[PDB]
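Presented as structure tokens, the chain that follows is alone, the form deposited in one PDB entry.
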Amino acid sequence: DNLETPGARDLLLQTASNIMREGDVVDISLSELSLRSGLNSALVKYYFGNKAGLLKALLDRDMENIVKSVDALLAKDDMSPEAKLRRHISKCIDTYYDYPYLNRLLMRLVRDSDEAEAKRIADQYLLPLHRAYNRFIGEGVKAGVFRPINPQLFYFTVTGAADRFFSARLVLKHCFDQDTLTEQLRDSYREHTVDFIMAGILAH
């Protein structure tokens, strides 16, 4: 077997993430990955096998943020449903701002999956969220905090923010020679996007 090299796998995934965010497309040059990480292609193969394996590992890493935020959403505490939902949605929106390719990446892996892989994706990344929303949103509707709404469709709507961010960055760049989705714009983008989502579900 092989001696461990800590940090390398994480560096490769973060490098891949950077390249993908910059390029406004769900794809990676493997030579660009080695160039920008400083790690050779043998290490890329060792950790991930091939481009497919790299993309699957990136999806898993980036989804962890969304899936983890469910526990806080469902956990027992003092917070109102509205505040709990807002905290969860902000975490989603901040994750999408970091990783605007995230929904497209998930779609690409779903599209190319065999049946076992589609089931894995649903079990790991879709069903946990749909269940959580069915419970949490259901209770909030009953409690009068949220207007009647399909919790599964609501989750779909939320995931849409990634694609909107992706779209804005690509269009502003190519059509307007502007760089949007910058760090300096993060707070305003996040707050507007969270406010819109919350406005769309709260009983007015």
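Only residues modelled in both forms are compared. Rigid core here is just the name for the largest C-alpha set that superposes within 1.5 Å across the two forms. Numbering follows the first chain given and starts at 1. First, how it differs from the form deposited in another entry.
Once both forms are fitted on their core, a CA shift of 2 Å or more is seen for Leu172 between these two forms. With a cut-off of 2 Å and the rigid core superposed, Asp60 has a Cα displacement that falls short of the cut-off between these two forms. Relative to the superposed core, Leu127 undergoes a Cα shift of 2 Å or more between these two forms. When the two forms are overlaid on the core, consecutive residue runs of 3+ whose CA positions all differ by 2 Å or more between these two forms map to 113 to 115, 122 to 130, 161 to 163, 165 to 167, 169 to 196.
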The other form holds:
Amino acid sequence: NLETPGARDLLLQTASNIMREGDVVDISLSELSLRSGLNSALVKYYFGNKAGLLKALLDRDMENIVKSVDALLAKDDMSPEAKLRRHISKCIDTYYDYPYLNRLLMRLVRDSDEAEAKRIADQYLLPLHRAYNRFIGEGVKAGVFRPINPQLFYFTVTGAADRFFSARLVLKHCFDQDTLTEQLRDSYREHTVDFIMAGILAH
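Could the form deposited in another entry be given as well, to go with the form deposited in one PDB entry?
Just this one chain is shown here; partners and other molecules are left out.
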């Protein structure tokens, strides 16, 4: 087999775009072929079946959040407050691009065989949970953060961004209220980072 660079990525971005433009978390392989211009066999070649493509889409979309959690424990010169503000900003940027991400995670947990559903849930419900827990714990011990459950905190950040971007996209698509301007999204990220930080910061 002779590799064709870019093809796998095109299939994943096309699936993403269909979902995002459609306010859905499902695609047909026939619409994927029509929109990408690539034939049926390529999905099977790269991903095996639709479940494989969706799992690869989830893996891809989650990369920046996973990296942001790993950066929490990096030896840089950033305070715990600065590091957390950056992690929340990354999550938000991710849901702007992939607002369907929580729903995609849920359907794959729901529909996969048990062993696979467990691997997905264990990986992505709270990404790199040992790192996340250690960062929050450290911050509590240092008097920077009030005691909080990291899983709940992550649900709060990601739930909030999902709500906002999903709503704004639905309104854009229904009423042609293109509102997701750079000025609005920056206002959103700032307000939301501030709210979430106020939620966690001690005293």
